[PDB]
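Shown here is one chain on its own, the form deposited without the named molecule, set out as structure tokens.
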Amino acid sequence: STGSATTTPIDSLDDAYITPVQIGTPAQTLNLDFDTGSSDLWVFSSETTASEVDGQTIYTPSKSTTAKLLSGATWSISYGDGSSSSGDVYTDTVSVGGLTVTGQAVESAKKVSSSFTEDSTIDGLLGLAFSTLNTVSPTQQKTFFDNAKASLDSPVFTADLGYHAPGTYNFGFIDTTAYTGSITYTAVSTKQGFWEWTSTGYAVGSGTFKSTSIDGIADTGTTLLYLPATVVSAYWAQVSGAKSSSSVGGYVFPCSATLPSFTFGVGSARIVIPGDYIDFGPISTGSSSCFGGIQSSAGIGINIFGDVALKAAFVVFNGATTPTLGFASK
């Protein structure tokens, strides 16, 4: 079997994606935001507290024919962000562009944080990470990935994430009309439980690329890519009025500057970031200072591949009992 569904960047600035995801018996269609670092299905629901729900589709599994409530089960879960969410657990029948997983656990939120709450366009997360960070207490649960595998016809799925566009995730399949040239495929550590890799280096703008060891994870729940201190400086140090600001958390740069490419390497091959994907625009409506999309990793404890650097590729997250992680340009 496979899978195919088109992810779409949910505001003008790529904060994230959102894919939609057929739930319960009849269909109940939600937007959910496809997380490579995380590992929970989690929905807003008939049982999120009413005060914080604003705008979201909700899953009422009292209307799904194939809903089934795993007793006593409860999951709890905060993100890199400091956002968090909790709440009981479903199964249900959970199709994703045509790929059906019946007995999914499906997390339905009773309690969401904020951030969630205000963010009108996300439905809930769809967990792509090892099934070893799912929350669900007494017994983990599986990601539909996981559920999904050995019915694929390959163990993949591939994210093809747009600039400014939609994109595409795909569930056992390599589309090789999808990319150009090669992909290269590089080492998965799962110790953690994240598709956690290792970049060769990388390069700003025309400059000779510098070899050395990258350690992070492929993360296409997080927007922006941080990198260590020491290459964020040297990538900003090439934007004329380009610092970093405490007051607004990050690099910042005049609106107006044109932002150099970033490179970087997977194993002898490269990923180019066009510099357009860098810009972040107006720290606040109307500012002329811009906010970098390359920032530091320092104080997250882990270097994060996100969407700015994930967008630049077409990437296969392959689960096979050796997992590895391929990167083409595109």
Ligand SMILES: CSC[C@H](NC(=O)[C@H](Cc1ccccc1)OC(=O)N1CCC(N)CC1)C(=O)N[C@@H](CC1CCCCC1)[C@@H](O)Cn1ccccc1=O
Second form
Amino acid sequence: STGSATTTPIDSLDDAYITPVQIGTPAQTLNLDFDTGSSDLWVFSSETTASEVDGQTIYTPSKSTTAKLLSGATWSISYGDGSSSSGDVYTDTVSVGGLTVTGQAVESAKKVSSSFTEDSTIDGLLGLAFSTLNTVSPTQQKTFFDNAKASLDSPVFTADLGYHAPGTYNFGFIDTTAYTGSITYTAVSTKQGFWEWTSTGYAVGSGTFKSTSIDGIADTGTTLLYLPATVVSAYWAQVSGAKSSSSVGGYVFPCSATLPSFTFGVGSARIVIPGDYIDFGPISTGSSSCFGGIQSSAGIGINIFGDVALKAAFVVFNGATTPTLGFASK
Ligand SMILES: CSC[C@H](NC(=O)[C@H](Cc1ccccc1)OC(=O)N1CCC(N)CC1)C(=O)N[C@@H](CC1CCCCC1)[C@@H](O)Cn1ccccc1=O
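Could you please show the structure of the form deposited with the named molecule bound, as a counterpart to the form deposited without the named molecule just displayed?
Up next: the whole complex, starting with the chain shown before.
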């Protein structure tokens, strides 16, 4: 079996991507944020505090004939950006791009952080990391991908994020049409439960490629590119006027500046992020200061290859026994 769902940016900045997902019977369509950095599939529901819902589409378990309460089951999650959500758990039928999975754990939000209520375009999340991260207790649950794995033609899903445009999430197959050249596969470490890999180095603009091992995670749920201080400083050093602002909390540059591209290594291959992708617009409406798409990871504890880097390549998440990450130019 296979599945193909179109993923759409929530705004002109590509801050995040939402993908339509069918939940329940009859189907209740919710726009979820596919997150390979988390392993929980939670959604705004009829249970969420009415005060914390602002325009989001809610999942109403009582309206689904295939929905059953997972007695005693609870969930609580907190993301890097500080966001938070919690509540009870239901099991229902979930379909993505035609690919159906029965008995999927659907975590209905009872409490959501302000950041979420603020986001009207995102109805919930679909974690695509490794199931070891699931927050459901006392019985941990499996992710949607883990539940589909067996039924998939190939235990894989690909990420084809668009720049200022829609992209595609495919399950069970590799569209050899969506990329150029060859796919370079690289080893993945599951130890932390992330799609953790090791980049082989980087280059700023047309500069010399620096061979250096960069351990990071493929995170579709993260907007920007978080790299080590040294790497980030070398990039922004090539942008006249760019600087690290304590007030804004990151590297900003003159909106009139031309951003050099960023090259990251995967094996012997090279993925180039056009400079246009690194521009995240005015820090504030009307401001002439722009937010950089490449920030330091010094405070996270881990480097994150977020949307900024991922959307520059066709990404294959091989959920095989020996998971691997595939990167191809597109
Ligand atoms: C340093 S992880 C900060 C990161 N959240 C972001 O990247 C958000 C995402 C976003 C953007 C726009 C609207 C709504 C949400 O967007 C920004 O933070 N920004 C920075 C400010 C803006 N200038 C650009 C946009 C993050 O927690 N991701 C997690 C996924 C979800 C997606 C939905 C919103 C909450 C976070 C996740 O995979 C990260 N994870 C990875 C490993 C371990 C724990 C962990 O938790």
